[PDB]
Amino acid sequence: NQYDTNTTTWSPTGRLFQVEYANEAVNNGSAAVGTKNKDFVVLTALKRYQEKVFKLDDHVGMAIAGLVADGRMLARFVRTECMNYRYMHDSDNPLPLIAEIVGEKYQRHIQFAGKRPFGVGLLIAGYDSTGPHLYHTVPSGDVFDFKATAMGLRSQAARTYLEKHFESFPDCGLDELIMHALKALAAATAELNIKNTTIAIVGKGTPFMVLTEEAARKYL
Amino acid sequence: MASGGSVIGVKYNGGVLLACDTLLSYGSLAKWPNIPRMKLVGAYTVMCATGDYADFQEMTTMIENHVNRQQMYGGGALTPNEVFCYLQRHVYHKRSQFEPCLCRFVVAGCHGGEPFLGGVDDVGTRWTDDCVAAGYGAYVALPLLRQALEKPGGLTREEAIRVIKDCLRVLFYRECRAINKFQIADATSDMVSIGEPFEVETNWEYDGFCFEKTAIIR
Numbered sequence: 004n005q006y007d008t009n010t011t012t013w014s015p016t017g018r019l020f021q022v023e024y025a026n027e028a029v030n031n032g033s034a035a036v037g038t039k040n041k042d043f044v045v046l047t048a049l050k051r060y061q062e063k064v065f066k067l068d069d070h071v072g073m074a075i076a077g078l079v080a081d082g083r084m085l086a087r088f089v090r091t092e093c094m095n096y097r098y099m100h101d102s103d104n105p106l107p108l109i110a111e112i113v114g115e116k117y118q119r120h121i122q123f124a125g126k127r128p129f130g131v132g133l134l135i136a137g138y139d140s141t142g143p144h145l146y147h148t149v150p151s152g153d154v155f156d157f158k159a160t161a162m163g164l165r166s167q168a169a170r171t172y173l174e175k176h177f178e179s180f181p182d183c184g185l186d187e188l189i190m191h192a193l194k195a196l197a198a199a200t204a205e206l207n208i209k210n211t212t213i214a215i216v217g218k219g220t221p222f223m224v225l226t227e228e229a230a231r232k233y234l
Numbered sequence: 001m002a003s004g005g006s007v008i009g010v011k012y013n014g015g016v017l018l019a020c021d022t023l024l025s026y027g028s029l030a031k032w033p034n035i036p037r038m039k040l041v042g043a044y045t046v047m048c049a050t051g052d053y054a055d056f057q058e059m060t061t062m063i064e065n066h067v068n069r070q071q072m073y074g075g076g077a078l079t080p081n082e083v084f085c086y087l088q089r090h091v092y093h094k095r096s097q098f099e100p101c102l103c104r105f106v107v108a109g110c111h112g113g114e115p116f117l118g119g120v121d122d123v124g125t126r127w128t129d130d131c132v133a134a135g136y137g138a139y140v141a142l143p144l145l146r147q148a149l150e151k152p153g154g155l156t157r158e159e160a161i162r163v164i165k166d167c168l169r170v171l172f173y174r175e176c177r178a179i180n181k182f183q184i185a186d187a188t189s190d191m192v193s194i195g196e197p198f199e200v201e202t203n204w205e206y207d208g209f210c211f212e213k214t215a216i217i218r
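Protein chains in written order, with the deposited numbering: chain F, 4 to 51, 60 to 200, 204 to 234; chain N, 1 to 218.
Since the hints were derived computationally from the structure, they do not count as laboratory data.
Don't take each hint at face value.
Claimed, not checked - Quick list of simulated restraints, FRET-style, between CB atoms: (1) N:76 x F:91: 20 to 26 Å; (2) F:95 x N:112: 24 to 30 Å; (3) N:129 x F:155: 42 to 48 Å; (4) N:36 x F:155: 16 to 22 Å.
As the list claims (entries may be wrong) - Partial list, derived from the structure: chain F residues whose beta carbon lies under 7 Å from chain N: (5) 99; (6) 102; (7) 108; (8) 184.
Stated by the list, open to error - In silico negatives: residues of chain F with every beta carbon more than 12 Å from chain N: (9) 185; (10) 186; (11) 231.
For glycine and all other residues, C-beta sits at the position ideal for the given N, C-alpha and C.
Required output: the full structure, derived from the provided sequences and hints.
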């Protein structure tokens, strides 16, 4: 295949091949799941001790899938954007604006020869003046706003489960929502417990937080 | 070096008033008596400043643009508190380069039925409070607004207007570079409105001001 070495080469059917391959890096990381009700977002992730969930500011964090060194870069970047914002404004970086700028950073790495794609997907979960928000970012620079989804390996199954249940999630409380996020992450698999499964939460009243093994015992 | 004189502001029950005159001076020359010095910034907020009018124009332009662009590109409508914070950072930054904004700002607004009022000076000092002022307002007005606010339970809109006008009258009497022509903005119910100019009634007819009593030589 002549058309699949660089990012700066279209193919005769209007495809960018190197970009689809970066996208496989995501389909082959460990599964993560997100879901949201009226006032919280829950991330869960199946650790395959590997940092897979990062806090980006008081009101927002993310799960990754794929190349971790890419995840860490995208984190230094968002953290520095939120801090800047709060220095200038004394309030929280709004979440739609976080998504835009991540999207654009990714896109620049798919259009020049001196930049490599990012081989890492994010589930960004946060909470601001317009409620909770769950964004998915992929290496093509696309940015979806979801009520629920899953990424990474076997994560189709997680996706199927969620598809039957998400309509009920607006009404759920924070405990059923966490359980739905686990039955989903389970569907992508050894079983879940406090040494290989992460849970994080953010919402009204609730700065972004990874549950400790104690608090997580209740759910697991 | 078109320059603005005093600005004053006071909080009352339900909102806040900002007032100034419509004059730009150049040194002692009263050069433009019909300039509207107050600027609406976004949905909830209004600003004014004492000092160098060019530096005020530049700083409010920069701010109004951030506020309008942020709103238009999906990041919502900045609040008084946020506008104020951003202002103070830019004032401070410029001071830190030794290229100061030679103004003193007063900012006012109303969001969530909570009225804002605060001040920023040209080295970046900031404070909020129930009454703020700049220029000879700080020496002449604040003693009166502060006395007025001593009453418990706060001020009605009408009592806030009365005391704003008494301050205006003293500025007009004792501030050289002033004129009897003023506007008042009123932040209340999550929006600001700027009134038409008005004048205050003054007194000039005391017997102790007559020619014979003020004569240096009898």
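*Quick one: which hint numbers does this structure break? Sort them smallest to largest.*
Of the numbered hints, 4 and 8 do not hold.
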